[PDB]
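Chemist: Sequences are here, hints too, so could you generate the full structure?
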Amino acid sequence: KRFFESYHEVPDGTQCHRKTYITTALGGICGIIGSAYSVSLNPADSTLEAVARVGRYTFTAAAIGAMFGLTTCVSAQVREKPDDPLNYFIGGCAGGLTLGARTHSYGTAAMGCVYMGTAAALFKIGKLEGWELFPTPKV
Amino acid sequence: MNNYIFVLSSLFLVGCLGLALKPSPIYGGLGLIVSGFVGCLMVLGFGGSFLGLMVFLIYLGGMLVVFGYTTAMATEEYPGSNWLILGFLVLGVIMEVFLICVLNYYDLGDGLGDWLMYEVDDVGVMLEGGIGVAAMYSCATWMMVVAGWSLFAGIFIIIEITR
Amino acid sequence: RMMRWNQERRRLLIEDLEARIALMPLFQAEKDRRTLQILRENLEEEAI
Amino acid sequence: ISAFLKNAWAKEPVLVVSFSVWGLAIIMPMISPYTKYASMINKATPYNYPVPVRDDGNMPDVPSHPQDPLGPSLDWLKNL
Amino acid sequence: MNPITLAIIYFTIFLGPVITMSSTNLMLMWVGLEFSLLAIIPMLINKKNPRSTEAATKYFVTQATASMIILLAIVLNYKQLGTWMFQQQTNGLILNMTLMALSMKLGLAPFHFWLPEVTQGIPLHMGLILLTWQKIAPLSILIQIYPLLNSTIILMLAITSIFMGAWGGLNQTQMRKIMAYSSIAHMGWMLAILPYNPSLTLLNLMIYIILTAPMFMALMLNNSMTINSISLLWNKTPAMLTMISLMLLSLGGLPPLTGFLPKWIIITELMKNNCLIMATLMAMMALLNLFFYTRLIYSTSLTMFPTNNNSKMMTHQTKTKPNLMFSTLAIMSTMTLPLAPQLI
Amino acid sequence: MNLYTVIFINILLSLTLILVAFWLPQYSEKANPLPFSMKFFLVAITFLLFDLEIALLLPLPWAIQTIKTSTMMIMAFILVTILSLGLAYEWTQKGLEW
Amino acid sequence: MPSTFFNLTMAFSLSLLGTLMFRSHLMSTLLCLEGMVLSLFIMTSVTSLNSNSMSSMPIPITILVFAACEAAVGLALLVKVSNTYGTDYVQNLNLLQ
Amino acid sequence: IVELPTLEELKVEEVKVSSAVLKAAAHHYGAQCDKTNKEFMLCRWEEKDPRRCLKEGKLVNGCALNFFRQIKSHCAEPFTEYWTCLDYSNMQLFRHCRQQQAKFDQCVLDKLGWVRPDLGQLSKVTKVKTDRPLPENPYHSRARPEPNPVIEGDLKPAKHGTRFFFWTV
Amino acid sequence: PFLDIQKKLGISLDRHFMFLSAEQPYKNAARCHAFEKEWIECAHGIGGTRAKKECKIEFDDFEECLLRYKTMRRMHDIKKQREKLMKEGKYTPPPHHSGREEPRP
Amino acid sequence: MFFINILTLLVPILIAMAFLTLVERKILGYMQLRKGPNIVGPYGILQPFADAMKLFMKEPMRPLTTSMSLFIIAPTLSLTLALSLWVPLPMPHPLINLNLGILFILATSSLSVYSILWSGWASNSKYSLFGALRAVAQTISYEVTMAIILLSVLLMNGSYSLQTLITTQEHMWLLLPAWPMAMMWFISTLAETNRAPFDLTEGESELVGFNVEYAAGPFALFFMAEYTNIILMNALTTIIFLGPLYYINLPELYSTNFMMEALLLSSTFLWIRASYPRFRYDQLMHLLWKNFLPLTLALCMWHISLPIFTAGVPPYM
Ligand SMILES: CCCCCCCCCCCCCCCCCC(=O)OC[C@H](COP(=O)(O)OCCN)OC(=O)CCCCCCCCCCCCCCCCC
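Chains as they are written, first to last, in the authors' numbering: chain Y, 5 to 143; chain J, 1 to 79, 83 to 110, 116 to 171; chain Z, 49 to 96; chain b, 5 to 84; chain N, 1 to 344; chain A, 1 to 26, 30 to 36, 49 to 113; chain K, 1 to 97; chain X, 4 to 172; chain e, 2 to 106; chain H, 1 to 208, 210 to 318.
Read the hints as simulated data drawn from the structure, not as lab findings.
Treat the hints with care, as some may be off.
Stated by the list, open to error - Label pairs and their in silico Cβ distance ranges:
{"hint": "1", "chain 1": "N", "residue 1": "51", "chain 2": "A", "residue 2": "2", "range": "56 to 62 Å"}
{"hint": "2", "chain 1": "H", "residue 1": "68", "chain 2": "J", "residue 2": "125", "range": "38 to 44 Å"}
{"hint": "3", "chain 1": "A", "residue 1": "20", "chain 2": "H", "residue 2": "284", "range": "37 to 43 Å"}
For each residue, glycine too, the CB sits at the ideal point set by N, CA and C.
Modeler: So this is what it looks like as structure tokens:
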């Protein structure tokens, strides 16, 4: 776990390799979990068919992970501004686009871009403003 | 031996792995009846003569037997060869050894030492299970009443379901 | 005859248990100094 | 009611006994001269050791010695 | 049911939650849960229709394994602390088990599959008990142990439930299952504030009970398990159309009605505790719940669906009345909001 | 131990006697050789709900010697009775009847 | 004990995996379900016995008494199912979809 | 190092006679050698440590050997015939060797002036006076924490009323 | 608990037997009866939030009266040491291991 | 010399059982006015060796059984337990001393049920499955009446130790305090052997029972285990109800008088076989569920009071 966290430790826009690798893993992990629920429920017809679906979901998710990581890191590199929700949005923007392609739908890319990017941007803001998620009870 | 309990514990896991591969309804009943025998033995190891025998008396022949009974009446359609299951089961027999092995090298360990009967009065009586179970009638008489209602309303629950 | 007899088995137990009461001191004394002789003697084998 | 018991004693002569001894055993303890002793004969048994209390001189009853006239003397359990 | 059996069962279904709540020895809390499991199964199969046996056999297996997991937590604690009850020291995994298990008996989040299906095959009446007098027991166990449970998991089960409940409800047209889905959702809010302010869980429950109990006795007054069936309410009994309208919008969070308070104070407590991430997402999809509530509103009240000719025959005959509880629980529920300060 | 030896010897004797049985001897269709007994199942769980009954009645031998003897008596009688009333309901239910 | 207590716990998890991965006959499940109660009964009895905690021995049995009835209910549902379908396969229990 | 007495210290002449003879001469061992045995217990239950009452322990291991030493000179032969039958049983019951008992009791009623106790005269809790200072803080209990302080006073209607949302209450 | 019908009614059907130091039958104290006492008379009047930091000495001890694991690590280590030395004969089975040494009452 | 004990504990019961096969054929005979075996030996003393040395030589035909594993584990379970319930038997000196002895005898006795279940199920046949289900019903139903008789009686000797029953009987037989228990015990020992007026299983006129598909060895064992606990459940009555003499000295007298009463109770079952038409399966149950079980539960309640009001609570140990 010390791993994933590393993504945040190094300043954004720097060491994109690590960023892309980490982001790709998270997506892939989600892919596995997502495929699992998708196979446990709404099962397949043959073991192979399901192994394929696991692969499909895993790769698609890994891809959205990569492009998000790559775009955000590079956008920051090229733009030279490390702290900017916009970097992430461009990244989320891209991530959605990959999802759209994998699903072969321009429309999905639309919602995907907006919704996904917005979400990622909010993550950046969240980190920048020190928003706390799942907080301990401090009442 | 000193590994009097471990070995047994290992057999208990084997029987549970057999029930877990969900073998034919009655072939596995045997499996339970086996690990119930095994669990009966371990408790005896620690001095729980009563508590132990109790299991051999109620879950073994009372609950389990009734279970298979019903299997015969239904769900013993006896339409995967359990032998395939035995094949897998054999895999687990040693696959569990793998799980233990990692911690085996990691090592408590070296069988089982004084990891049983931690403290026993080298003098004295009345120290024996069944004195504790008989607290149902002195100082723990609420567990006794609620168990009653379980069995008592059990009658009424079963018939109502059956009807 | 089961009234009058099982009463006696009680009175024999009291006779038999009070014997045990008189010898807790000797045993508990031996048991203290014995186990208190094991682990100085094991403290040594660990330390000596 | 009293002559209904007469066929239930001729035919069905089992449940009669089972509801005549089920109960008899609930009234024998409440009405017997000797039921007091069961919680007393069972209270005298010294299974564990009687720990002696330190003397202060403020305790007259506590029998100093096992053979003092004082203390729980059961000349009852004997010839109960 | 031989009225004697009815008594024994009903007593158990009622001694079941009560032992749980009263006792502190967890064991005694477990058997309280066990009784409830045994008592509910007979009533579930009263019609003994083929759907029913399916319902009970699912409810029972889901309930039984969860009961066994709760017992394992108590058994493990017994060895990590001699006590028969969770304490500050309790291993975190020990408590998480209890959360998952108890979240299965209550049917929250990723274990929300059994409830909609058992709510579909049981009568409307036993539906209420299965939804509201069987949630009191497990929740009691959680509320007691709140200081020790994890804020992260609860929140995830909370948010998930809200979403699953909402999304599930949108598609459903069977009423029994629309309610099952709502209960999953409301149950979610309840478990969200447990780690922070248990006292509010007990409000978000009562209000749910004071809202759902009138709503179901409404569904059964005409025994309609279909929206199409409840839509012809205007012909069968016109008066309940007004309150059915407000109670369902009350079940969702719309502001003038009593239903806003539970969501409002839960949001106030979560923001007080800084979960302005979590609270926001919950409130937003909470709005999805009202969409399916209002879609039903449309069919039952705001628009008059066409009825069959035989409906005139049922009008003729005097309609067996709805118990008084409906009224007292419809009003105390649709409009108590002006009295919120004292409720909390 | 001794108990182990015995129970184990008792097994070996059993096995040998079937060993000899299948080997001493050393086709023809010689080998060639149902509805639910709801009554039976009932009888079976009647026995389960009663065997557990015994398991809660076995402490009597060690509870008779409890100080609160009056309490034991009371606690027991209720158990035996509530279980008899159950059987009795079965009787009326005719579940006992075969 | 610490070593053994593990085996029993994994026995309960192996029994857990069993009841959470059905396959055909239900009677198998209920049977598995019982495998847990045995593992819980054994573990409760074991620790109570090596803690010399006699005040708690009541529990090891209360666990069994409640578990037995629990199973009684479970089997009556099972008999009810192979009376309505006569094959007791978890497979046909899908009308509620 | 946890204090553990020197083995040399623990050395004490010992009883070394099988359980049977102890069971025979026990009821007289409760009459005699009681002040020296109860004070051990009174240390043992008060001072919960076998590393502190070893003093009175050596006394118990002493008075007992005294008890028998008299019996060995006085009235030894009838004592040998007593436990020699009593040890034949599998639980060493007095119920069998009942004739050997009076023959040893009259031999010891006359000589040494001992009288065997009545039935219930070893189950009473005698009060033994001793000098061992009371073992305070037994269990070596580290000082306890203080109770949370107590807010004090009397209730006064709440300030400005329920401070809810615009409910002027 | 959630509804304290027990304290109110004064009955104690469920409290008398919740900890190892509760009344054990025939007054046969369990293992650790000493500690748990010391760890609950400490945390009495002090709520949990403060029964978890300052009353940590008594739980750290009671967590080792019952688990008794730190001991294992000691003993297990000791065991290994003996083994290595013994293999090179550095250490010899003690007189105790040789038996005798005057096993006494 | 512990092994000398087993060798002198199992040989003298497999050699006794063998001559119960004989004695169950002669005593039944002379009641039927027909001499039993007279020829192979002097007076039939050498007949069981013949069909012992004969059955084992007949083909143990595994007849298309579903599972040998069971077909060959059931018959062994039986003789394994039956010859084990003898290990804790309370002679003046029992092979092994077992507190919880009477429970041991109860528990092990129960396991036997499986033999019926397993054997019936494995051997694929209507008769086999039919008989088994019906047979165990009986066996199980009679355990619940045995246990209580067993429990009730315990309150009187006050422990689960067989070896104390002898002391409790140091001056009287428990037959006189509890003849009602001893009646229902006799039927619960006579009908839990699937024996006597009660042979529903192995119904021969109606059912051809479970052991039907068994032959040669597999059968012999099942049989050997019905006559080696035809002597137990009479040997217990000669311990629990009929208390022979026990003197610290002369420790044989007990065994000798144990003989004299165990043969009667083993010869009393033989009058039954030759005297009573078989109960019908429904009646057997109604004998236990609606007649014996009621009386048994009430008398159990009576015996928990008798100690308290007579202040006769027996001495633990
Ligand atoms: C905060 C404000 C919240 C909103 C308040 C205003 C909306 C109230 C809720 C209305 C919800 C239902 C809307 C649709 C109703 C349809 C009614 C209908 O179809 O008519 C039949 C119905 C029953 O008929 P029946 O009375 O039996 O006799 C006539 C038979 N045809 O006829 C009837 O039902 C008659 C009785 C209807 C109920 C009367 C309610 C009057 C309006 C209440 C306003 C309250 C304002 C509070 C302001 C608070 C400010 C702080």
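Chemist: With reference to the structure, classify each hint as holding or not holding.
Modeler: Hints and how they fare:
no. : hint                     : result
1   : N/51 - A/2: 56 to 62 Å   : holds, 60 Å
2   : H/68 - J/125: 38 to 44 Å : holds, 41 Å
3   : A/20 - H/284: 37 to 43 Å : holds, 41 Å
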